[PDB]
Amino acid sequence: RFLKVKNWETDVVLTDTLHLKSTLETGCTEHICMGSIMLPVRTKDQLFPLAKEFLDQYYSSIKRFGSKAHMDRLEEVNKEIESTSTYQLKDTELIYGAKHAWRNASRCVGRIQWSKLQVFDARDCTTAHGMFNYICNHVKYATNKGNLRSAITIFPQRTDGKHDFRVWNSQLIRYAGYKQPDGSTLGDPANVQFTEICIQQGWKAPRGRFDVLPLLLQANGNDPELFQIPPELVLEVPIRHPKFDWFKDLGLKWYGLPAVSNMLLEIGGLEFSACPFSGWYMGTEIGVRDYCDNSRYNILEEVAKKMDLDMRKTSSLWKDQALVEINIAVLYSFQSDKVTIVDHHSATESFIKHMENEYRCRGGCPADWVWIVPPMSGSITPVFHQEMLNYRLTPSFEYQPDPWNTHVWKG
Amino acid sequence: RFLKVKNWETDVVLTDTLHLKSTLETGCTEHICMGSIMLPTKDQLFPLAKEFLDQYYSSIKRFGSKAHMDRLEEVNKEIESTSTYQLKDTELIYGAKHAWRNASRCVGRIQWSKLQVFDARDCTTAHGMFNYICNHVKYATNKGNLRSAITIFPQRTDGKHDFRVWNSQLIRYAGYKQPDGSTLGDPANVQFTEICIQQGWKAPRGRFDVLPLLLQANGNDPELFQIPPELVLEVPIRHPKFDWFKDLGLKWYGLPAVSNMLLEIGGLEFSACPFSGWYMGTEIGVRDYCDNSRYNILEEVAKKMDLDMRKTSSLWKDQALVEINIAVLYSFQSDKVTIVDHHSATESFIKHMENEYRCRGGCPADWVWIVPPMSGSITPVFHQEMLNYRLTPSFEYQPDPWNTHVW
Ligand code: HEM
Ligand code: HEM
Ligand SMILES: Nc1ccc2c(n1)CC(OCc1cccc(CNCc3ccccn3)c1)=CC2
Ligand SMILES: Nc1ccc2c(n1)CC(OCc1cccc(CNCc3ccccn3)c1)=CC2
Ligand SMILES: C[C@H](O)[C@H](O)[C@H]1CNc2nc(N)[nH]c(=O)c2N1
Ligand SMILES: C[C@H](O)[C@H](O)[C@H]1CNc2nc(N)[nH]c(=O)c2N1
Ligand SMILES: [Zn+2]
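These protein sequences, in sequence, are chains B and A.
Residue numbering for the first sequence is 299 to 338, 348 to 718, as defined by the entry's author numbering.
Residue numbering for the second sequence is 299 to 338, 350 to 716, as defined by the entry's author numbering.
Read the hints as simulated data drawn from the structure, not as lab findings.
In this text, a Cβ means the ideal position worked out from N, Cα and C, and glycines have one as well.
Hints may contain errors.
[As the list claims (entries may be wrong)] Quick list of in silico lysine-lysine cross-link-like pairs, BS3-like style, CA-CA up to 30 angstroms:
{"hint": "1", "chain 1": "B", "residue 1": "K612", "chain 2": "A", "residue 2": "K620"}
{"hint": "2", "chain 1": "B", "residue 1": "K486", "chain 2": "B", "residue 2": "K452"}
{"hint": "3", "chain 1": "B", "residue 1": "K620", "chain 2": "A", "residue 2": "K423"}
{"hint": "4", "chain 1": "B", "residue 1": "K620", "chain 2": "A", "residue 2": "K612"}
{"hint": "5", "chain 1": "B", "residue 1": "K486", "chain 2": "B", "residue 2": "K717"}
{"hint": "6", "chain 1": "B", "residue 1": "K612", "chain 2": "A", "residue 2": "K612"}
{"hint": "7", "chain 1": "B", "residue 1": "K302", "chain 2": "A", "residue 2": "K486"}
{"hint": "8", "chain 1": "B", "residue 1": "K612", "chain 2": "A", "residue 2": "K486"}
{"hint": "9", "chain 1": "B", "residue 1": "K452", "chain 2": "A", "residue 2": "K319"}
{"hint": "10", "chain 1": "B", "residue 1": "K486", "chain 2": "A", "residue 2": "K660"}
{"hint": "11", "chain 1": "B", "residue 1": "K555", "chain 2": "A", "residue 2": "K560"}
{"hint": "12", "chain 1": "A", "residue 1": "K555", "chain 2": "A", "residue 2": "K486"}
{"hint": "13", "chain 1": "B", "residue 1": "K620", "chain 2": "A", "residue 2": "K613"}
{"hint": "14", "chain 1": "A", "residue 1": "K560", "chain 2": "A", "residue 2": "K612"}
{"hint": "15", "chain 1": "A", "residue 1": "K620", "chain 2": "A", "residue 2": "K319"}
{"hint": "16", "chain 1": "A", "residue 1": "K550", "chain 2": "B", "residue 2": "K613"}
{"hint": "17", "chain 1": "B", "residue 1": "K560", "chain 2": "A", "residue 2": "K620"}
[Said to hold, decoys possible] Selected chain B positions facing chain A (Cβ under 8 angstroms, derived; list incomplete):
{"hint": "18", "residue": "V311"}
{"hint": "19", "residue": "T327"}
{"hint": "20", "residue": "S602"}
{"hint": "21", "residue": "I606"}
{"hint": "22", "residue": "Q642"}
{"hint": "23", "residue": "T647"}
{"hint": "24", "residue": "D650"}
{"hint": "25", "residue": "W676"}
{"hint": "26", "residue": "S684"}
{"hint": "27", "residue": "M695"}
[Unchecked claim] Beyond 10 angstroms from chain A on every Cβ pair, some chain B residues (computed):
{"hint": "28", "residue": "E307"}
{"hint": "29", "residue": "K351"}
{"hint": "30", "residue": "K486"}
{"hint": "31", "residue": "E532"}
{"hint": "32", "residue": "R596"}
{"hint": "33", "residue": "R619"}
{"hint": "34", "residue": "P681"}
{"hint": "35", "residue": "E694"}
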């Protein structure tokens with residue numbers, strides 16, 4: 299069964315066959331669409356089918372399907388599962404798996420880069436101190452003095468679920484948030500709950516508006532431990548505007564390196580619960596969401612006042628006007644400091660090219676329109692007018708519950 | 299099975315049971331979501358009519374009354390004999406308001422119960438259609454105090470006798486290819502503007518030529534009718550700060566009146582049911598003016614603002630887009646024409662959703678269409694989870710008549 303999608307601005311039509319390789323479920327049915335729902348322990352029973360499918364994929368990609376290298380690997384994995392109840396990926400399989408989990412991330416507009424991913428194998432890690440060292444090296448490598456490089460670091464896979472490696476931070480670099488007695492919030496409101504855990508675990512909080520959070524690292528199911536990232540590794544950019552001199556006086560900065568650390572990487576049935584990865588920012592992540600979301604820094608009002616906008620009625624679009632200037636300042640500041648960043652016009656244009664290329668060479672490109680379209684100026688980007696098919700391929704990145712809600716404390 | 303939707307900006311959680319009353323299919327499966335796809350006999354008729362009469366008499370708190378059961382057998386006998394049936398005026402008004410209420414792609418549905426229904430089922434000719442349409446336009450326009458209205462022409466009988474308004478909206482600007490190569494006027498209406506000329510229309514060949522109406526009664530050839538200009542309220546577009554904005558020579562009409570959709574009530578199909586409300590600002594400013602496939606005046610505006618158009622990272626398009634949309638709102642508001650900005654409209658819809666979860670058990674909603682085409686995340690609906698499902702009565706798409714009509 300072939301499926302077509304249409305770009306309604308160019309009339310280009312594309313044919314998806316790759317959705318036939320879709321295993322997982324979307325959450326949708328014939329009678330309901332959960333397209334906008336934000337979120338819609349494994350035995351030897353189902354593992355070898357999951358492993359064989361991944362290995363079939365792996366050996367297809369290298370043009371050795373059905374070879375003796377392929378059949379022996381299948382046999383090897385079979386005997387390892389039936390006797391050890393799990394198995395270990397070769398280095399080549401891990402690299403392929405990580406790259407394809409990114410390739411398969413239907414919510415990711417940056418997937419034109421998916422094949423230039425630097426994979427750090429940290430499966431020999433055993434302790435939190437060891438995790439910190441692997442994360443420090445990730446951050447240094449990925450940052451590259453502002454010439455950002457995509458990287459993932461993969462910690463040991465889950466076994467019985469009682470010995471998990473987890474990074475308790477949602478991103479490796481994030482600012483603290485502090486609920487004040489008067490109901491206001493100092494710093495990033497997104498991070499208040501994590502900040503409180505850190506403070507309870509012994510972190511001395513500087514209690515400023517842009518304090519880099521410590522790393523809270525869990526090795527082998529042990530209680531997590533605190534580590535401070537060396538500040539010389541945390542590249543930050545002061546935010547100024549090319550024409551508004553008062554903008555620097557808002558005292559804003561952001562960090563250079565977006566590095567998501569709370570997701571789960573699934574490869575051939577194995578679960579890598581700690582797999583922090585990083586690329587580089589699209590400016591609207593900072594300028595639109597991080598600064599202008601009502602539940603975040605919410606500097607829209609203050610930028611609006613300083614611009615002297617008509618703030619009495621919303622139909623003056625003072626919010627829209629302030630949001631554009633903030634986003635201009637974010638891109639100006641990063642480019643002025645030679646830190647890698649991409650505006651939403653460039654990134655969505657690249658995604659369309661990637662997606663057409665993926666339809667031609669792969670037969671499909673799963674894509675989540677709700678997440679691909681940028682949070683500002685949606686329809687003047689080319690993805691807005693693009694029909695998109697969303698379906699789940701493996702290897703994949705998955706959500707997982709926050710570890711402080713599942714963790715058994717040792718004391 | 300009793301589904302939850304979360305607002306991530308406010309943690310408000312709503313519980314949806316109305317989706318279990320859903321009947322039609324979404325185009326999605328558990329293996330693939332089609333949420334971003336633009337378009338996915351005598352015996353099926355009595356179940357359909359029963360469903361609709363069941364909710365109708367429930368909505369007036371007379372479910373299982375003699376009147377209910379009498380109407381049910383009455384319609385059943387009508388179907389057995391005449392192979393169709395006719396709606397009472399009250400059921401017709403109900404079905405129209407609820408088709409709007411069920412329109413999961415419509416952000417303006419907080420207004421759904423104030424719809425003015427014009428029963429035009431006695432109409433038999435295109436001249437008759439034109440008359441009903443002129444009355445509609447003048448009622449809905451209300452000298453700029455816009456009012457929602459629908460006009461319902463006779464229902465389909467056998468596909469041979471369809472009533473159809475060939476225009477996509479009652480009021481739309483003409484578009485022409487140039488010998489030079491580009492497009493003068495509205496590019497979305499190029500093929501229809503051609504059908505009109507290739508029908509007998511004499512185009513002024515301007516930028517903002519109000520298209521004539523092309524009306525089809527009882528399945529005959531359609532006929533051209535010029536809507537009287539004094540019924541077509543237009544707003545000249547100026548900017549409240551930039552005096553050079555007037556010189557761009559832009560205007561838009563005040564009445565969005567969609568006329569190519571099909572209204573389905575109790576299994577009956579109304580192929581001609583033009584309806585009208587009022588504009589959200591971004592429909593004109595973002596889509597009509599700045600889509601590359603439309604008027605696409607973004608570069609000219611940014612140029613006139615002396616913005617650095619050399620790299621995309623200056624966000625010159627974004628800066629221009631906002632000014633254009635400030636101008637549309639300022640123009641309509643100054644001329645006392647109803648218009649809503651995307652901030653007000655989405656805030657209304659969140660309230661409307663809360664109302665529907667409270668008083669109805671849910672509200673079908675299509676996030677891809679509810680979220681405005683600019684400034685998405687600073688509006689409350691961006692952070693709102695929504696469940697999309699197809700309830701009936703409903704407005705449906707139908708093929709363009711010029712691909713179907715036996716000429
Ligand atoms: C290199 C530049 C990259 C850019 C510009 C980029 C851009 C984005 C953006 C804007 C989002 C949506 C997040 C939001 O708006 O809240 C996203 C999601 C995502 N990205 Fe990328 N990305 C990049 C690299 C990567 C890499 C290296 C990986 C993994 C190896 C990755 C995997 C994902 C995943 C799994 C999601 C889904 C998030 C979720 O489901 O919540 N991306 N990306
Ligand atoms: C009164 C003020 C109204 C506002 C502000 C409004 C707003 C909107 C907007 C912005 C859209 C998306 C259109 C686009 O992006 O081009 C839409 C779609 C729609 N509206 Fe409303 N609308 C209003 C009234 C009505 C009325 C009176 C009806 C019918 C009686 C209606 C039925 C629909 C339908 C069926 C759709 C979706 C059409 C489709 O599936 O493509 N609307 N509306
Ligand atoms: N420039 C780049 C480069 C790479 C990546 C990103 N950006 C962004 C990204 O995703 C970032 C994200 C944003 C919102 C919610 C989540 C999901 N995690 C928390 C949560 C909160 C609320 C509801 C559900 N889930 C994750 C992954 C990779
Ligand atoms: N202010 C108001 C008030 C009421 C309404 C509207 N606005 C707007 C509206 O419909 C807005 C629309 C937008 C794009 C495409 C379509 C559908 N046109 C047919 C088509 C052709 C080709 C591809 C896809 N679809 C419709 C209905 C009612
Ligand atoms: C590809 C996508 O289905 C198409 O461009 C849609 C996206 N969302 C939209 N949303 C609204 N309100 N109106 C539209 O015309 C569209 N177009
Ligand atoms: C309700 C909705 O699913 C949710 O707010 C989504 C919408 N689309 C998004 N798109 C991106 N890129 N990032 C997001 O966090 C979200 N949030
Ligand atoms: Zn779906």
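So, going through the hints one by one against the coordinates:
no. : hint            : verdict
1   : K612/B x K620/A : holds, 28 angstroms
2   : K486/B x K452/B : violated, 34 angstroms
3   : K620/B x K423/A : holds, 25 angstroms
4   : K620/B x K612/A : holds, 28 angstroms
5   : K486/B x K717/B : holds, 28 angstroms
6   : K612/B x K612/A : holds, 27 angstroms
7   : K302/B x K486/A : holds, 29 angstroms
8   : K612/B x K486/A : violated, 46 angstroms
9   : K452/B x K319/A : violated, 58 angstroms
10  : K486/B x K660/A : holds, 28 angstroms
11  : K555/B x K560/A : violated, 40 angstroms
12  : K555/A x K486/A : holds, 25 angstroms
13  : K620/B x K613/A : holds, 26 angstroms
14  : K560/A x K612/A : holds, 20 angstroms
15  : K620/A x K319/A : violated, 51 angstroms
16  : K550/A x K613/B : holds, 18 angstroms
17  : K560/B x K620/A : holds, 24 angstroms
18  : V311            : violated, 12 angstroms
19  : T327            : holds, 6 angstroms
20  : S602            : holds, 6 angstroms
21  : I606            : violated, 12 angstroms
22  : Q642            : holds, 7 angstroms
23  : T647            : violated, 12 angstroms
24  : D650            : holds, 4 angstroms
25  : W676            : holds, 4 angstroms
26  : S684            : holds, 5 angstroms
27  : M695            : holds, 5 angstroms
28  : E307            : violated, 5 angstroms
29  : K351            : holds, 26 angstroms
30  : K486            : holds, 15 angstroms
31  : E532            : holds, 31 angstroms
32  : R596            : violated, 6 angstroms
33  : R619            : holds, 13 angstroms
34  : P681            : violated, 8 angstroms
35  : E694            : violated, 5 angstroms
Hint violations for this structure: numbers 2, 8, 9, 11, 15, 18, 21, 23, 28, 32, 34, 35, all remaining hints satisfied.
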